[PDB]
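*Asks:* These are the residues of each chain, in order.
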Amino acid sequence: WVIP
Amino acid sequence: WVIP
Amino acid sequence: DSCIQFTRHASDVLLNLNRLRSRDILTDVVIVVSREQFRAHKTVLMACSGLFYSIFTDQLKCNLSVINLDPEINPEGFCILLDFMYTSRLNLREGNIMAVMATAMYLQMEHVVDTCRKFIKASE
Amino acid sequence: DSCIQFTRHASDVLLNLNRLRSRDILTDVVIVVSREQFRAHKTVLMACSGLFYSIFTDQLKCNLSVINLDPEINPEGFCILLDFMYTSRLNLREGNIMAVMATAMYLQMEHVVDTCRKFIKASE
Ligand SMILES: O=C1Cc2cc(Nc3ncncc3Cl)ccc2N1
Ligand SMILES: O=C1Cc2cc(Nc3ncncc3Cl)ccc2N1
Ligand SMILES: [Cl-]
Ligand SMILES: [Cl-]
Numbered sequence: 001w002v003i004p
Numbered sequence: 001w002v003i004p
Numbered sequence: 001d002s003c004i005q006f007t008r009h010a011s012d013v014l015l016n017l018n019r020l021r022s023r024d025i026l027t028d029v030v031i032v033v034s035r036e037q038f039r040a041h042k043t044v045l046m047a048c049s050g051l052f053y054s055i056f057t058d059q060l061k062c063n064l065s066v067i068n069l070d071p072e073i074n075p076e077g078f079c080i081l082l083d084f085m086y087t088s089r090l091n092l093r094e095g096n097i098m099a100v101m102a103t104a105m106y107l108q109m110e111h112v113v114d115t116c117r118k119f120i121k122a123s124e
Numbered sequence: 001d002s003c004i005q006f007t008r009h010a011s012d013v014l015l016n017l018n019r020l021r022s023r024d025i026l027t028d029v030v031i032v033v034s035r036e037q038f039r040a041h042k043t044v045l046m047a048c049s050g051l052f053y054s055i056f057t058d059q060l061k062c063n064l065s066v067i068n069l070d071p072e073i074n075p076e077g078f079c080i081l082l083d084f085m086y087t088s089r090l091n092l093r094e095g096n097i098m099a100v101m102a103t104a105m106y107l108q109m110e111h112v113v114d115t116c117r118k119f120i121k122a123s124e
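Protein chains in written order, with this note's numbering: chain B, 1 to 4; chain V, 1 to 4; chain L, 1 to 124; chain Z, 1 to 124.
Pulled out of the complex, with its shape left as it was, chain B reads as follows:
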């Protein structure tokens, strides 16, 4: 999971 990432900060888009």
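Hints are supplied without guarantee of correctness; some may be wrong.
Cβ-to-Cβ under 8 Å is the rule here; a few derived chain L residues that face chain V [what the hints assert, rightly or not]:
id: 1; residue: 3
id: 2; residue: 5
id: 3; residue: 6
id: 4; residue: 7
id: 5; residue: 113
By construction, these hints were calculated from the structure, which means they are not laboratory data.
Beta carbons are placed, not taken as given, at the ideal position from N, Cα and C, and that holds for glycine.
On the provided structure of chain B, position chains V, L and Z with the ligands as indicated by the hints.
*Replies:* Okay, now just chains V, L and Z with the ligands, sitting in the frame of chain B:
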């Protein structure tokens, strides 16, 4: 395009 | 093999599937949640959820145009997860995390269940 | 928004759509090419091809279970492109590049047409  | 690969292809496909969903094009099922209705593509639901995979591979249920979810399922949690299926983006907030995790467990969306568990553990 | 994003989601969705294609699950159309038949999902074809997008948004053609391609289309070129749609992998070779580019132009798959043009220009 890339070499997978 | 000796194939070449277009890096953005999968993301572009999903973006186009979401555009078809937005315009209600070729949607073939209605998911009913606490009298809130969500139109979708069976194949996208199956590709994202262990529950929908099991439902639409069943010889009788594969032909249903309406699927009713368990009354304990929250429509907002479902809506957030449906958006995630079609975009890879999860709108996870303090106010919805419990409903989102419960819905992801029911839908069998293991990666979502994993990030919810981690976000809850960080707040304790 | 304040969304989080699962990097591998789009690729995992496409991988699952290809598994449904392999097992012939929920395929809703047959594409006929020079008497060679290919089963697929209309939504995936639309998401990948300007031609299929135009075909399945047509009020009469959206309901067809069989689509016949132009007789000049090569079945191997189509097969390579269908595999690309479901995998992001293109089996481009000296022996098939001309058929693949001609098929991609007809199907309106702009990124494939682009890499074929570049590979042809490098060999001249
Ligand atoms: O967490 C998850 C996400 C998910 C998706 C599916 N889908 C498929 N699996 C295998 N072949 C085809 C399909 Cl469509 C099954 C189980 C789970 N569990
Ligand atoms: O090269 C290409 C690839 C491609 C895909 C599509 N598909 C869609 N476009 C927009 N909204 C939904 C869909 Cl399904 C249309 C044109 C082209 N041209
Ligand atoms: Cl997931
Ligand atoms: Cl393309």
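*Asks:* Now look at each hint and say whether the structure bears it out.
*Replies:* Hint check:
A least Cβ separation of about 6 Å between residue 3 (chain L) and chain V falls short of the 8 Å threshold, and the interface hint therefore holds. Nearest Cβ of chain V to the Cβ of residue 5 (chain L): about 4 Å, under the 8 Å cut. The hint holds. Hint status for residue 6 (chain L): holds, given a least beta-carbon distance of 6 Å to chain V, under 8 Å. Against a cut-off of 8 Å between C-beta atoms, the interface hint on residue 7 (chain L) holds, since the closest Cβ of chain V lies about 6 Å away.
The criterion of a C-beta within 8 Å of any C-beta in chain V is not met by residue 113 (chain L), whose closest approach is roughly 29 Å, and the hint is violated.
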